[PDB]
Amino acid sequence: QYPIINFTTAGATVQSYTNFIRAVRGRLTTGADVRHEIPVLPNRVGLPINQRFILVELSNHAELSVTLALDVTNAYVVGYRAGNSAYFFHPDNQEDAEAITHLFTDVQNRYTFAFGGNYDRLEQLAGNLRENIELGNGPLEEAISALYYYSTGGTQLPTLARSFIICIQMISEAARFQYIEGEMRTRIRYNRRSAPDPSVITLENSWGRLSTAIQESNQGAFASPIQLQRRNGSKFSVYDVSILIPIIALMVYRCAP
């Protein structure tokens, strides 16, 4: 069975969220593969199907539960289960399509969306950009209910799309970046719901390019600079892995050590 990590919005604390994101990172990778002091996710090539996914079970005050499936090779959400129904994003290729048949195998009802799970597609379906979608314990609670009620026709597609953007950022992007984990920790600490600032959105957008730049670096110096944003939206370039060691927690595997 794929490992299950449990999180609840009911009485969530800085501590419970900290333990959650550290457990997710611990199941995503062994941390045996480190490049320039940043851990690498397992190589898809050589990864047995029985190690391909982890399950994150989310519960809220209404004691509704949904289970997200994360791909350990990129930490991205590929689908979810709510009771007797499972839903999957459109796989990019045949290997990925066959992989998702190994998820939620006992579920009565299985559905694959025609659309992909990327931010550009989900923002379009939601009718809202990430910069206008609030994150925090309240938004996650509402997302869990929206995901749960999709199968009974209680959630419209735009609301589902928005709920996916919330879950992806507070789980996948938080696992990928200590910096985004810290943004979610602050929102919990101060009982705040608020949209992510440009620093967060640009890091999300740049994760694949940063993984490549770090792994292809000449002893930590980037072959080419990467442009990121500060909280105030001002742009700056990174030339070196060292400045990112407090920012990025996980990278997608790009090449052999």
Given for the second form:
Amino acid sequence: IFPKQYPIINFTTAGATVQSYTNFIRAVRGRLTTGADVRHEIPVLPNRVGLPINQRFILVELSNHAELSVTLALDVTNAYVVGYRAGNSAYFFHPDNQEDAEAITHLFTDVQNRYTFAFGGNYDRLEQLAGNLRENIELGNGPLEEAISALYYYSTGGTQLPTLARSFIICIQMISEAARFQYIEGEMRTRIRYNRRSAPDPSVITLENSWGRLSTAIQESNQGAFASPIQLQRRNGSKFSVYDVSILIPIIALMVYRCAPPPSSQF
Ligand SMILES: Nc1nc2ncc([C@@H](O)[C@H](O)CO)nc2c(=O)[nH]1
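The structure above corresponds to the form solved without ligand NEO; please give the structure of the form solved in complex with ligand NEO next.
Up next: the whole complex, starting with the chain shown before.
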């Protein structure tokens, strides 16, 4: 066996409902947050510094309607999708630094074929590759059915990288963004409830883009007040400003670690 098999959380597109999608996202969230380190009620993701590699990754087994499966690697410290495995191959985005390049070797070690892409996995590289921006890519259970198939066929040549980058973007939103924001799990539940496939709107896209910033402002907010107004976007593109963490408590599910557990405050 490898020294600690990282936790795997399974999900299927096969008979999905709002109940099985909520379950899956609760589980994933419950795998990521320390439990403790609750800043003004939001759980903070564990600091990358004193984190042992045998605690670094969560694996998500994405099954499918035609019994094809993909296993994604999730980085606990930010819920980032760092790479994936399909059949006997494993592919990882290009790491952003040496430390990450190092850690990534402890992932799917039993695969025969490992590949590290030339490009990184952030939305900008991926939108350019997909040749289609996030607001023009559809989300919902049918798009996720299509994504898992694409990732699995990349191994046996039904590649086409535009389609593969598009499939990663779809998968990053319905899994890591849904976990980061209670708001975005809500958009996906509606698409699954009505069996809709719709692109994300401005309120959804700006939350994705502002998560780091939100984590820093909530962690350095004085008492509950943001030391300067953060503007978000409405679903119609109107900007508005949030000045206080309470507005965001039903919105953001977890935060990336930025500052010191306060002094304590948990008990
Ligand atoms: N591979 C992969 N790529 C990503 N790119 C951007 C973001 C965003 O959530 C950033 O926080 C801001 O755009 N998340 C991810 C992600 O989890 N996985």
